[PDB]
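Taking the form solved without the partner chain, here's one chain by itself in structure tokens.
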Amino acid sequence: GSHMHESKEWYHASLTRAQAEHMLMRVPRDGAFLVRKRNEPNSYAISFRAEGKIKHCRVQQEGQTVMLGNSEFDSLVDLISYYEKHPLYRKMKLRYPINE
């Protein structure tokens, strides 16, 4: 149950889906991304830009790991670190964290 993500510049504790989409409008670049807590327990979303559009990927927290689809990681920080090096959607990787 890592909490390290709570202090990361890309992580937002209170940000709805549409609020996240709006934030990704400011600097429209592929690879822009943020992570937000969803209203369901143990659920997060990556909101990001790829192929000129805004997309969302749901992430589940179960036990001692997090899951994006069937890809499993020890923590949200490890997940984000992985998708900065490996594509999350088609050819796009996480590149530009959205903070303030």
The other form holds:
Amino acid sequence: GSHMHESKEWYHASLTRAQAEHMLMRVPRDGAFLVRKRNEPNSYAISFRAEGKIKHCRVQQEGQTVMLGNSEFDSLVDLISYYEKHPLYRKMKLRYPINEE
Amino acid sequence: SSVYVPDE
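The block above covers the form solved without the partner chain; next, return the form solved in complex with the partner chain.
First the chain shown before, then all remaining chains and molecules of the complex.
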């Protein structure tokens, strides 16, 4: 569902980019990730570690769906489920959620 | 100046 991520432990709402990097740098591990709401309308970021570096990917909420690049999904939860199964960046998949404390 | 993974 459209707002089902609001009770997912990997979703951190208005966590800042710096706060997200701090969390990802505590015990660095390729495949670690969290999702945050950006300070732009209808915009989220996946913050993650892949191939030894920390990166951020923008996700757009467009009407009822979400878009990552050219790929559309029904919802953020569906997007995250897909990228647990198929690579998000190079060969890295979402594997180790950083949970809200 | 936030750097993100390139679009597309």
